[PDB]
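Heads up, the chain below is alone and in the form deposited in one PDB entry; it's given as structure tokens.
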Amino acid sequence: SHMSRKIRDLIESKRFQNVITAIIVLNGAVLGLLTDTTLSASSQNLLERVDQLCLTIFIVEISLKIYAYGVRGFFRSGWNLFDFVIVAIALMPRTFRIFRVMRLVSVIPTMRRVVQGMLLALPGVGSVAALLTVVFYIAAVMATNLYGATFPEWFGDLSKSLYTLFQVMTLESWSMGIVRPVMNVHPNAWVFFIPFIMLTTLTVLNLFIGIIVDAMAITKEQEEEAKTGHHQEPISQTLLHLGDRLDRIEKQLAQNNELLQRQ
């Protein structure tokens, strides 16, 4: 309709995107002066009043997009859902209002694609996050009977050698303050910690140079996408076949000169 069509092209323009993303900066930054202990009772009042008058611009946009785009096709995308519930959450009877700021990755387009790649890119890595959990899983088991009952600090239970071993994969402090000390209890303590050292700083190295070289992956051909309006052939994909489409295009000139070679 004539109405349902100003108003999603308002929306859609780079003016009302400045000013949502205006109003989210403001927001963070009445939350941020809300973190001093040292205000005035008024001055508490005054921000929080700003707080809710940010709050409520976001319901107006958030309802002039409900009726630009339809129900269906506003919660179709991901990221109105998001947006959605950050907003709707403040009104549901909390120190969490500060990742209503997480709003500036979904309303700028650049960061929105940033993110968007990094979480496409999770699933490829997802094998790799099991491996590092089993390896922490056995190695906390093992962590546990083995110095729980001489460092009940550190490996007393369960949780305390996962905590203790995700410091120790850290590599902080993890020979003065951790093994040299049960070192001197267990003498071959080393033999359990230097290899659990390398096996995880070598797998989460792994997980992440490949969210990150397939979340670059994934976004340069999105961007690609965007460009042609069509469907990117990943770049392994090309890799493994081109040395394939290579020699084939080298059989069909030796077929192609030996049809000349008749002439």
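Think of the rigid core as the biggest set of C-alphas that the two forms share within 1.5 Å after superposition. Numbering follows the first chain given and starts at 1. What changes on going to the form deposited in another entry:
- In the overlay on the core between these two forms, a shift of 2 Å or more in CA position is seen for a single residue of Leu10, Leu240, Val19, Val25, which is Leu240.
- A displacement of 2 angstroms or greater separates the C-alpha positions of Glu225 between these two forms, with the rigid core held in common.
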Given for the second form:
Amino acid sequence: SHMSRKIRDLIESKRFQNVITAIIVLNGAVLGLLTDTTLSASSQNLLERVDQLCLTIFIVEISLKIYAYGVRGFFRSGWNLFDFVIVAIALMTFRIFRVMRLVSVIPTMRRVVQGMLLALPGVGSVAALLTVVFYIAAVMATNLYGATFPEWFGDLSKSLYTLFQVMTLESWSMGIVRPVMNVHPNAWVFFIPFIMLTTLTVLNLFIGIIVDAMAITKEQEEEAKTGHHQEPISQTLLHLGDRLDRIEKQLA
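Now that you have shown the form deposited in one PDB entry, what about the form deposited in another entry?
The next block holds one chain only.
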């Protein structure tokens, strides 16, 4: 009650954030050392104890939190939920995903991720268009080339894999298209438009994400620092037409 409020003053301090950070890093360094196959059984045992400890400190932390905010208002944050699952799941195979908590706990990092997630809706149609082009290209490539080139095109899955490699431009010619053209001389009529269209569309997708993500993140950094953001130049002129219509009705 006064307890509830004094704990939150802990939870929300600089020093406590620094301590959870330091433990994420330590847990991460330890999962890193464990990839090393040459370790003694004792070394591995130790490292596995440091990990147990790290996981334990996280349970407390989360408890401190589920308490000092209650079940309703902890689980009202996606980051709390994510922190929750991440930690809880470890009480039941890629443990190293725990290092993602550097993102949930460091606010400037969290704001980068939020900008990117929030940008995803407005490129949904560019992405769907890419999806449709892939699907169509993969069906045609399977029918065209599957019998003569089955490792690359022998079924839909193979085709999609190969076309993704082709869109990334990786050995698309020496490794895929020239060998195809030795058997199907006009295959460039398929592959060259595929490349032009997917590279255009994937860059549209990337640029749209990045331009929006950056604008979102920047507003969030403003709000977090000062409680508000910059009004769009649009509003500034909208509102400049409220105070000019009034200065003209005054001026009569």
